[PDB]
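Enquirer: Residues per chain are reported as follows:
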Amino acid sequence: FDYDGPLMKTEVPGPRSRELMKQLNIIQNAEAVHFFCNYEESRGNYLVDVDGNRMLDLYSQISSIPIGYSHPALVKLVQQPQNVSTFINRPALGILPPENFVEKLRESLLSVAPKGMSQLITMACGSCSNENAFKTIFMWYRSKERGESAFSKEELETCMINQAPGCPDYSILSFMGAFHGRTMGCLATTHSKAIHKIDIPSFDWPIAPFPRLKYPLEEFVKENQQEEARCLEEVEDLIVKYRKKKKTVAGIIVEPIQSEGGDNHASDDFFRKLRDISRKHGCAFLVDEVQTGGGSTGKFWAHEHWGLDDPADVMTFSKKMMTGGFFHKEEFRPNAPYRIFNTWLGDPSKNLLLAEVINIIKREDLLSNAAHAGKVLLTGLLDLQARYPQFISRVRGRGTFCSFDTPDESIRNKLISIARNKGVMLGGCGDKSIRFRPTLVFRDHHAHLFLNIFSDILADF
Amino acid sequence: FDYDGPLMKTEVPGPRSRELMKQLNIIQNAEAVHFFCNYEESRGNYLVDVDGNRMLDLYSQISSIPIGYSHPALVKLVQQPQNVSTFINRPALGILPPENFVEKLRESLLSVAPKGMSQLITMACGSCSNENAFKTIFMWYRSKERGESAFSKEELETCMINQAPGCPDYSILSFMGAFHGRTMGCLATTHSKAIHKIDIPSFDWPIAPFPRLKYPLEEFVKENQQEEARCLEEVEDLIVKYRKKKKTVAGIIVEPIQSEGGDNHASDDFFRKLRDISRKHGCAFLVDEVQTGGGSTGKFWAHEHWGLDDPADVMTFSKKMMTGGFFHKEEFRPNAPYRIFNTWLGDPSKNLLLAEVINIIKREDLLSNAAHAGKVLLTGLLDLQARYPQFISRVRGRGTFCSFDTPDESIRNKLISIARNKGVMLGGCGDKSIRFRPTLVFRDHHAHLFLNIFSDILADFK
Ligand SMILES: *Cc1c(COP(=O)(O)O)cnc(C)c1O
Ligand SMILES: *Cc1c(COP(=O)(O)O)cnc(C)c1O
Ligand code: FES
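Chains A and B, in that order, give the protein sequences. Numbered according to the authors' numbering, the first sequence spans residues 11 to 471. Numbered according to the authors' numbering, the second sequence spans residues 11 to 472.
Among the clues, some could well be false.
[What the hints assert, rightly or not] Under the rule of at most 25 Å between Cα atoms (straight-line distance), these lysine-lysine pairs were calculated in the BS3-like manner: (1) A:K256 to B:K339; (2) A:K254 to A:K283; (3) A:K339 to B:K32; (4) A:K339 to A:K283; (5) B:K372 to A:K256; (6) A:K86 to B:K360; (7) B:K255 to A:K255; (8) A:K424 to A:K442; (9) B:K203 to A:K163; (10) B:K224 to B:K154; (11) A:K257 to B:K257; (12) B:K255 to A:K257; (13) A:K114 to B:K32; (14) B:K114 to A:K257; (15) B:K290 to B:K255; (16) A:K86 to B:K372; (17) B:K385 to A:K203; (18) A:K32 to B:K339; (19) B:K86 to A:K163; (20) B:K360 to A:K114; (21) B:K257 to A:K255; (22) B:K224 to B:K442; (23) B:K125 to B:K114; (24) B:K309 to A:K203; (25) A:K432 to A:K442; (26) B:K251 to B:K232; (27) A:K163 to A:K257; (28) B:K442 to A:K32; (29) B:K154 to B:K257; (30) B:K125 to B:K86; (31) A:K32 to B:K360; (32) B:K256 to A:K255; (33) A:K154 to B:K203; (34) A:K125 to B:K32.
If you're looking for bench data, these hints aren't it; they were derived computationally from the structure.
With the sequences and hints as input, model every part of the structure.
Expert: Laid out in structure tokens, this is it:
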């Protein structure tokens, strides 16, 4: 199920990794590569590299590995002779679904549906989930505007040649610091780092400020309320402004906690109010749970913390969910087929795995475990913040979805690189934040292994 | 390996499929659903439904099943205990690749790299392949314009807020009839059917005519050269026009044979001249082989027929390839990391399957088989066209990538329906064409089985 701690043999990347990185660099830019991995010997919370290093992995493949490496329940699925077809016969799911398609959805995604959302379409990744959510939103908005009326001849003609009125000039409102994917529609809503954006054509869609909270929260009660109120006002102003531009805001997309752009949090009140603004202007409210979804905040979906019966119109997911897709309200159902469609629409092999993942999450009480392990982590980070104010500030988190700031990008990267050599894989976000994305099998004792390693690193830095 | 023929028990969809359709329709629009399938009992070219119908499948999951159902070499891979990890431990491939990543690419995609393209990025589907190929082209074009210079402060600030100059107003030129995917960038290049496009915001990018050939080809040699010439002239004019509009054409995307829009073919000559036009105006030439790729035209990549040493700058793929991605020239290599990126960048388990598929295609000489079986099919289609000119026209194809037109949409759909109930699954494309996408284990005897069932259908059709 898991090893008893990290065990380092070499610097990371070690010589076998470096050789493999040189080979890969011949066929593509390999500069992002951390190291090469032995996934066969990886177990639980521990990633083993090709040099035999064993690291406690608190990044989990960018928050995408739900119940650790080489999970014995998932091993068993692959071993069952009856499952072989699912792995080798991939269907065009929009036209030729397997006999068990609906049942395996009942065992998996439908069992964790968000409140108010009776509909589900599956997609293979987070980007195509958000792209198709946008399109779902645009078709719904245009359908509100036309009744009743059929598509017009002018609409049918102009859409084929990329013109209005067939192709409307609607927008999705997004936030500074957001990350929603990198295909060309997703990208216009992404505002994470310039290198993600530069040299790519975009859309003129409104971009609102996301609150920047001040820490410690108890010492900034009024200021943080004011900051959130200012952002809400600017959202509403943008919706009004873009309606006058004839670039009507059909939807608002937001993450419950901004990830790639710097682990930015906002109060549950901010979200409830944002949801109400969206409804008031007839904007669909699209919650992107690709990274927050799947339990690490201590609730299956992070938006569940908000306590709403009607939390959103559309909610996308992927990463830990193995498959992508989006849940949505009945009113957003496409009116005709072949509008929201692609060849594969996910993969039944991933739904097979996810159903077992969800069973394990329920049976091992891993939601509540993530709240607990996360509190233990956060407490320890607060202790380190108090002892090392020259390096650590703005400690913050929900569940195991935790982060802190360092003084600058150069110290942020150095601390990540030293931790890795000492046996712990950390992620970065923003210009100078370190983030945690532990698998759901991360326990309080793993929080301590990390804290004790990192305490020694800070003492010697 | 295979069953010996179709076996029909019910109309399709049968009662068990209709019940599942009803259940699925509660949670999503299920109006596209053909029927529900028993993939566990499906084998080779035969698909088995939940009503126990066994149909010769000449559509192969929209041309995505490369070596048939339940292929025993693929079954063996899933059975090997050493392969479990690959199915259950999915990496973020851009940052933490598995030990065998490179070697498995050598066994698979790199063994079939097109001429002149040393670079490869992997992607999970055809649409992310094309969106990321567009981005690769836009970055390449700005790199030519800025030279070996750093991003400007203004570019870095403006790109974050969706503004020029950091976000350029460059265009990708595409063709009427095209299909390149349905995410918002891809979809701007797609011009297949109105329902695929309507109500979605787009880009003001140029759209050229794709040649519409007249059949039979021997009777319209001159008119077809003229039509191809006119299309080439309009591509070039559009490039000049969009430069003048400050919306410079950075790349041109085209399919070797247009699929979803209606199986539109053009000569090898037209593609050679198109490629030259691209080069002449400094446009990257992006060939979409998502549906033509993987052998069914009798060469691994359809563009191979053009006989060029420099056929293209970028070539995308997916469907039969199990994974997506794109090959590209060394000069198109991104200059920094995290520009072309996403969480998964494909999936090693699909690479595992693909290596074995490529092994099977080579060992069993399946490109040659597609040319041979496809000639059998096309010859029979031409024979049926001669006998039933009132139902069948514009018979055309290359390898098994064949099609024909019917007089109208209702007849096209009736013939597909009838054929299915008689044990043969066909595709439709455009408003009135029928298309073939047989898997690569389609042989001449399957072609004759089809021909012989369809002959009977035609004789009985009113
Ligand atoms: C990773 C991520 C996406 C994109 O998912 P991919 O599978 O990389 O396309 C979208 N939204 C958020 C919040 C993410 O963190
Ligand atoms: C199917 C197809 C695509 C899109 O592939 P998906 O995997 O459906 O996103 C792109 N181009 C062509 C030519 C295709 O036929
Ligand atoms: S865009 Fe999602 S898998 Fe390709």
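Enquirer: Each hint should be assessed against the structure and marked as holding or not.
Expert: Going through the hints against the structure:
1. Proposed proximity of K256 of chain A and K339 of chain B is contradicted: the alpha carbons are some 42 Å apart, above 25 Å.
2. Only pairs whose Cα atoms come within 25 Å are accepted, and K254 of chain A paired with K283 of chain A is accepted, the gap being roughly 23 Å.
3. Of the pairs offered as hints, the one joining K339 of chain A and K32 of chain B holds, with about 19 Å between alpha carbons and a cut-off of 25 Å not exceeded.
4. The suggested pairing of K339 of chain A with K283 of chain A holds, with an alpha-carbon distance near 19 Å, which does not exceed 25 Å.
5. Restraint check for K372 of chain B and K256 of chain A: not satisfied, since their Cα atoms lie roughly 56 Å apart, outside the 25 Å limit.
6. For the hint linking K86 of chain A to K360 of chain B, the alpha-carbon distance of about 20 Å falls within 25 Å, and the restraint holds.
7. Between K255 of chain B and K255 of chain A the CA atoms are separated by roughly 22 Å; this keeps the pair inside 25 Å, and the hint holds.
8. For the hint pairing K424 of chain A with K442 of chain A, the CA-to-CA distance comes to about 11 Å; that is within 25 Å, so the pair holds.
9. In summary, the hint linking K203 of chain B to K163 of chain A is supported, as the alpha carbons are separated by about 14 Å, within the 25 Å threshold.
10. In summary, the hint linking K224 of chain B to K154 of chain B is not supported, as the alpha carbons are separated by about 41 Å, beyond the 25 Å threshold.
11. As the CA atoms of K257 of chain A and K257 of chain B are separated by approximately 21 Å, the hinted pair is consistent with the 25 Å bound.
12. Between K255 of chain B and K257 of chain A the alpha-carbon distance is near 22 Å, which keeps this suggested pair within the 25 Å criterion.
13. Under the criterion of a C-alpha separation no larger than 25 Å, the hint pairing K114 of chain A with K32 of chain B is consistent with the structure, at around 16 Å.
14. Simply put, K114 of chain B and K257 of chain A have alpha-carbon atoms about 48 Å apart, too far for the 25 Å limit, and the pair is violated.
15. Taking the CA atoms of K290 of chain B and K255 of chain B, the gap is about 19 Å. The hint holds against a cut of 25 Å.
16. Under the criterion of a C-alpha separation no larger than 25 Å, the hint pairing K86 of chain A with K372 of chain B is inconsistent with the structure, at around 33 Å.
17. Note on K385 of chain B and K203 of chain A: the hinted pairing is violated, with a Cα-Cα distance of about 54 Å set against a maximum of 25 Å.
18. For a cut-off of 25 Å, the pair hint linking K32 of chain A to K339 of chain B stands: about 19 Å separates their Cα positions.
19. Of the pairs offered as hints, the one joining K86 of chain B and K163 of chain A is violated, with about 54 Å between alpha carbons and a cut-off of 25 Å exceeded.
20. Distance check on the hinted pair: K360 of chain B and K114 of chain A sit about 22 Å apart at the alpha-carbon level, within 25 Å; holds.
21. Between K257 of chain B and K255 of chain A the alpha-carbon distance is near 22 Å, which keeps this suggested pair within the 25 Å criterion.
22. With a C-alpha separation of about 16 Å, the suggested pairing of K224 of chain B with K442 of chain B holds against the 25 Å cut-off.
23. Proposed proximity of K125 of chain B and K114 of chain B is supported: the alpha carbons are some 20 Å apart, at most 25 Å.
24. Between the alpha carbons of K309 of chain B and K203 of chain A the distance comes to roughly 43 Å, so the proposed pair goes past 25 Å and is violated.
25. For the given pair, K432 of chain A sits about 20 Å from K442 of chain A by alpha-carbon distance, which is consistent with the 25 Å threshold.
26. Distance check on the hinted pair: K251 of chain B and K232 of chain B sit about 29 Å apart at the alpha-carbon level, beyond 25 Å; violated.
27. Under the criterion of a C-alpha separation no larger than 25 Å, the hint pairing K163 of chain A with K257 of chain A is consistent with the structure, at around 22 Å.
28. Restraint check for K442 of chain B and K32 of chain A: the C-alpha separation of about 52 Å exceeds 25 Å, so the hint is violated.
29. For a cut-off of 25 Å, the pair hint linking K154 of chain B to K257 of chain B stands: about 16 Å separates their Cα positions.
30. With a C-alpha separation of about 33 Å, the suggested pair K125 of chain B and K86 of chain B falls outside the 25 Å cut-off, and the hint is violated.
31. Between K32 of chain A and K360 of chain B the alpha-carbon distance is near 24 Å, which keeps this suggested pair within the 25 Å criterion.
32. Among the hinted pairs, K256 of chain B with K255 of chain A is consistent with the structure: their alpha-carbon atoms are about 22 Å apart, no more than 25 Å.
33. Restraint check: the Cα-Cα separation between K154 of chain A and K203 of chain B comes to about 23 Å, which is no more than 25 Å; the hinted pair holds.
34. The hinted pair formed by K125 of chain A and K32 of chain B meets the criterion: a straight-line CA distance of about 23 Å does not exceed 25 Å.
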